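Visitor: Let's have the full structure, built from the sequences with the hints guiding it.
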Amino acid sequence: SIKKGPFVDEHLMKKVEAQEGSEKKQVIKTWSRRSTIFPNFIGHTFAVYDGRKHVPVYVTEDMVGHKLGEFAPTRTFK
Amino acid sequence: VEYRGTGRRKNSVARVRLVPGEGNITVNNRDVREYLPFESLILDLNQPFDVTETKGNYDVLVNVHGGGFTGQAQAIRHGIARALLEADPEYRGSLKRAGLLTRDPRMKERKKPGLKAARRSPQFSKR
Amino acid sequence: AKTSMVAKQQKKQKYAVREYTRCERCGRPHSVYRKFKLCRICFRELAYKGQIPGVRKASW
Amino acid sequence: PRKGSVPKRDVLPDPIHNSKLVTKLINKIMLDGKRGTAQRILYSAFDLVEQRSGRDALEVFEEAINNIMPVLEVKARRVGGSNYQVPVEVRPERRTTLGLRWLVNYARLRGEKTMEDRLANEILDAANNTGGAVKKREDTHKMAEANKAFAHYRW
Amino acid sequence: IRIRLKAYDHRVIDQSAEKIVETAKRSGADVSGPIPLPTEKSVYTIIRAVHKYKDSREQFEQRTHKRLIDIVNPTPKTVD
Amino acid sequence: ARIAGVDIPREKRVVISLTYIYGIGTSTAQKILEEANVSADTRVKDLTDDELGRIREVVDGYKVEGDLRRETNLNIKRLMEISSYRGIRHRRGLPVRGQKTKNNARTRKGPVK
RNA sequence: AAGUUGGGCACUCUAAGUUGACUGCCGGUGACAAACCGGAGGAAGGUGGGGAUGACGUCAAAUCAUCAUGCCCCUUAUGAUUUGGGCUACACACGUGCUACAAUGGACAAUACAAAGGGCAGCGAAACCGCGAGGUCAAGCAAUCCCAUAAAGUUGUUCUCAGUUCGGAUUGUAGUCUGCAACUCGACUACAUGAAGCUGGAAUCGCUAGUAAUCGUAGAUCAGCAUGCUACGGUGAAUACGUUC
Ligand SMILES: [Mg+2]
Ligand SMILES: [Mg+2]
Ligand SMILES: [Mg+2]
Ligand SMILES: [Mg+2]
Ligand SMILES: [Mg+2]
Ligand SMILES: [Mg+2]
Ligand SMILES: [Mg+2]
Ligand SMILES: [Mg+2]
Ligand SMILES: [Mg+2]
Numbered sequence: 004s005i006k007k008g009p010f011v012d013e014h015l016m017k018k019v020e021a022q023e024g025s026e027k028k029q030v031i032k033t034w035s036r037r038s039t040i041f042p043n044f045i046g047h048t049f050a051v052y053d054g055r056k057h058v059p060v061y062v063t064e065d066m067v068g069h070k071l072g073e074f075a076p077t078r079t080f081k
Numbered sequence: 006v007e008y009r010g011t012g013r014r015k016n017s018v019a020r021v022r023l024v025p026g027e028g029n030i031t032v033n034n035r036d037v038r039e040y041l042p043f044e045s046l047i048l049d050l051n052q053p054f055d056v057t058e059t060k061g062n063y064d065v066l067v068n069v070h071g072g073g074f075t076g077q078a079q080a081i082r083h084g085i086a087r088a089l090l091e092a093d094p095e096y097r098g099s100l101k102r103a104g105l106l107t108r109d110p111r112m113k114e115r116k117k118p119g120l121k122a123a124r125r126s127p128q129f130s131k132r
Numbered sequence: 002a003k004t005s006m007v008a009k010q011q012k013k014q015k016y017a018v019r020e021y022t023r024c025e026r027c028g029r030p031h032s033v034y035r036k037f038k039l040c041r042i043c044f045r046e047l048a049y050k051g052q053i054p055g056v057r058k059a060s061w
Numbered sequence: 002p003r004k005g006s007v008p009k010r011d012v013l014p015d016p017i018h019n020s021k022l023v024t025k026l027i028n029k030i031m032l033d034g035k036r037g038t039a040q041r042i043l044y045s046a047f048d049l050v051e052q053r054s055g056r057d058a059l060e061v062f063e064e065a066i067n068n069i070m071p072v073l074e075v076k077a078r079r080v081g082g083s084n085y086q087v088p089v090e091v092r093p094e095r096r097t098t099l100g101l102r103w104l105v106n107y108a109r110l111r112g113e114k115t116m117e118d119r120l121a122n123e124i125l126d127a128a129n130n131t132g133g134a135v136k137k138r139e140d141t142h143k144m145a146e147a148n149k150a151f152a153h154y155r156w
Numbered sequence: 006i007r008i009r010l011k012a013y014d015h016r017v018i019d020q021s022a023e024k025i026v027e028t029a030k031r032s033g034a035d036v037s038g039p040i041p042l043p044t045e046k047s048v049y050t051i052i053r054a055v056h057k058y059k060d061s062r063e064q065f066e067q068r069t070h071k072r073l074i075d076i077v078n079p080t081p082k083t084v085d
Numbered sequence: 002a003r004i005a006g007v008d009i010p011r012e013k014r015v016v017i018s019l020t021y022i023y024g025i026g027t028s029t030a031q032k033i034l035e036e037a038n039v040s041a042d043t044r045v046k047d048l049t050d051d052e053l054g055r056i057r058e059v060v061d062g063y064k065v066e067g068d069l070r071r072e073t074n075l076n077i078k079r080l081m082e083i084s085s086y087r088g089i090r091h092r093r094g095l096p097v098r099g100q101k102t103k104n105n106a107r108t109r110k111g112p113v114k
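Chains as they are written, first to last, in PDB author numbering: chain SI, 4 to 81; chain SH, 6 to 132; chain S5, 2 to 61; chain SG, 2 to 156; chain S1, 6 to 85; chain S4, 2 to 114.
Be careful, since some hints might not be right.
Here are the computed distance ranges between Cβ atoms for each label pair [what the hints assert, rightly or not]:
(1) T50 (chain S1) - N67 (chain SG): 50 to 60 Å
(2) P42 (chain SI) - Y86 (chain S4): 13 to 23 Å
(3) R9 (chain SH) - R56 (chain SG): 44 to 54 Å
(4) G5 (chain SG) - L105 (chain SH): 25 to 35 Å
(5) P2 (chain SG) - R109 (chain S4): 46 to 56 Å
In case anyone wonders, no lab produced these hints; they're calculated from the structure. Beta carbons are placed, not taken as given, at the ideal position from N, Cα and C, and that holds for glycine.
Guide: Here it is in structure tokens:
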């Protein structure tokens with residue numbers, strides 16, 4: 004957490020910034036659990052895990068300032 | 006006539022001179038009574054002066070270096086005995102009757118490897 | 002599976018600080034040095050028999 | 002030590018009070034290597050004696066050790082094929098060294114909320130009897146003096 | 006000029022110091038007698054065993070000896 | 002004893018008597034002690050019956066409210082039970098933040114042992 | 001002011017190269033047996049104080065994951081390369097370590113004295129902009145230059161015996177830095193939050209003089225991240241008559 008550009012991974016930006024044209028919904032196929040939320044995000048899911056999961060996570064208007072796609076957990080407890 | 010009384014106690018050298026007159030001890034351009042910081046027993050390094058049957062023999066205006074503070078002290082007590090015996094060489098047979106002039110018994114020692122405080126051992130659990 | 006790893010390490014996988022330091026005549030990845038590039042048991046048989054310089058035994 | 006008689010060689014002079022037996026109880030109140038907080042508290046606990054007692058603490062002090070002075074010891078010894086105690090009278094060098102602990106151990110027990118005043122109520126009320134620590138020396142003073150037993154035991 | 010010498014062995018550096026002051030003093034040069042700078046060690050305390058039997062270790066050193074020699078008269082008989 | 006609800010303690014120093022109120026204590030209590038005729042001199046329940054008026058008018062001016070914004074920590078916290086992390090599944094399943102959830106004596110959030 | 005600038009003063013430590021401790025002439029008497037208790041003068045006690053040095057051998061103790069390795073298995077996978085999870089997960093059981101329960105204690109400004117270390121893209125000053133974590137520039141550089149103020153304590157103000165001006169466990173906001181990036185999974189700072197806890201049952205350890213305890217200093221590992229780790233100084237006691245268990 005510093006100044007200077009909260010570090011969206013750039014190929015994800017390449018997908019979204021021209022993906023937002025029409026009214027279609029084909030979401031991510033990313034498994035890059037690093038990037039934050041740019042505010043210009045459209046209604047779409049994601050796939051943010053790579054061992055075995057593509058958890059479709061909602062882009063809904065949460066606290067978008069979190070520097071994480073951390074809505075998808077990794078393990079269980081009980 | 007007394008000069009060059011070195012004095013060593015616990016990694017803290019001290020070099021002195023002795024000037025005749027009266028007893029007025031001083032180190033490092035400042036006093037003694039309000040330099041030895043806790044040390045209310047400043048008089049108990051002047052105590053070879055007690056046992057040489059004469060207190061106000063000479064003035065010192067001594068020097069000291071290194072160590073702690075009572076490690077930096079208590080060698081002045083050693084350091085004026087060498088130059089004190091060099092002021093008059095009679096005193097070896099009459100200052101070593103209380104056993105005072107020179108002994109360097111102890112310094113700190115090595116932390117022994119795989120221990121914690123150079124004689125202590127770590128606690129072993131059970132049986 | 003370590004002779005592949007030495008084949009990785011002298012090459013470069015291009016980021017800045019992804020590399021690490023490995024033993025010269027041995028191949029351990031932990032407890033190596035930087036004064037010698039050897040490692041903590043592979044240093045010892047090369048510190049003995051006089052062949053490395055500098056090294057008296059001990060006990061200062 | 003199975004080898005005999007480690008030497009003693011301990012020295013204890015003093016700045017003003019002119020007493021070897023006062024630099025001993027500076028060497029037992031001093032915990033954790035801080036001699037730099039002992040006589041600042043000790044001599045500020047003896048100059049407050051004459052403001053609390055009737056006299057100077059010097060002529061009260063030998064009385065204060067004199068009434069706390071322990072007499073008899075019970076060092077247990079399994080005699081000859083049995084097991085019960087024996088009274089031993091203490092050799093005079095050991096007995097003050099046994100004696101001085103009862104000032105400080107009950108100095109940390111009197112809730113006067115100031116240690117240089119809580120500790121000094123056992124030098125006052127020590128030349129005068131029934132203090133804090135005189136109770137233990139009368140408790141162990143009659144431990145085997147009244148309970149006299151096999152007194153032909155060696156150790 | 007204050008040429009500096011440093012070596013691992015300790016008798017080698019004194020015989021080198023008396024070699025350089027010998028080759029300086031045999032010519033006209035008012036050289037100082039050779040200067041002992043303090044000799045620095047460094048420590049390598051290391052585990053002997055190959056597996057986890059720790060708390061049984063031994064240490065190594067290496068000791069650089071550092072002398073000092075200075076000439077103050079550049080003569081043609083003391084050039085190199 | 003007027004600042005927030007009551008300021009209970011009397012005859013202390015005011016610089017720590019303003020710690021019993023919520024939201025201010027021991028280091029911004031030095032800072033918010035900013036008024037002429039206002040200095041800690043063992044007069045907590047004394048020396049002021051009108052001088053106290055300035056040092057809570059400024060607290061009402063002191064934008065972070067003390068006690069009126071007890072709803073905002075549960076606004077933020079309950080907002081973080083949208084299941085991201087760092088409050089999400091330290092409360093919905095209730096483990097504890099501290100990065101080691103069962104190796105040590107984690108009992109500051111656990112009930113008992 | 002302090003640069004120790006000159007003097008070139010050289011002695012005083014100092015920093016690595018030398019003379020000399022050993023039962024020696026010692027008093028006893030052990031009856032000549034070596035040795036033992038005593039006295040003298042080396043600063044010096046009777047292997048001056050410590051390390052390094054680990055006998056035949058035991059435990060079919062430990063390691064094929066440092067390496068080497070007899071033999072058996074894997075043979076378009078029991079190999080190979082990425083990305084991304086994991087090694088940290090959790091009602092629990094036990095080792096080690098730390099920080100505390102307070103007034104010989106806490107806060108607060110002022111205020112002295114070390115050793116051992118590293119630093120040629122590394123250590124970084126001085127003065128500078130920040131509540132601090134730090135940011136910019138920036139001369140000097142291996143006893144000399146830098147990190148680098150040691151800290152405990154002294155003199156003095158104050159809280160005045162309380163779940164408390166004791167302690168920071170926990171928990172959100174707002175940053176810094178290292179990095180391609182700090183969510184899983186670092187570290188530090190100030191803003192409030194301020195829990196458990198009153199010197200601990202049965203039991204159980206560690207230590208014989210610079211020794212245990214007390215606060216500190218440095219280092220390797222390492223871009224960044226240790227309460228561990230091996231090293232170093234400062235303050236410094238109590239106790240050992242005895243071999244019965
Ligand atoms: Mg001299
Ligand atoms: Mg192989
Ligand atoms: Mg014997
Ligand atoms: Mg020797
Ligand atoms: Mg020896
Ligand atoms: Mg031998
Ligand atoms: Mg194999
Ligand atoms: Mg592990
Ligand atoms: Mg500085």
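Visitor: For each hint, tell me whether it holds in the structure or not.
Guide: Do the hints match the structure? See the list:
1. About 57 Å separates the C-beta atoms of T50 (chain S1) and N67 (chain SG), a value consistent with the hinted range of 50 to 60 Å.
2. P42 (chain SI) and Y86 (chain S4) have their C-beta atoms about 21 Å apart, which keeps the hinted 13 to 23 Å range intact.
3. The beta-carbon spacing between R9 (chain SH) and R56 (chain SG), approximately 51 Å, falls within the hinted interval of 44 to 54 Å.
4. A C-beta distance of roughly 28 Å is found between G5 (chain SG) and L105 (chain SH), which places it inside the suggested range of 25 to 35 Å.
5. The beta-carbon spacing between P2 (chain SG) and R109 (chain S4), approximately 50 Å, falls within the hinted interval of 46 to 56 Å.
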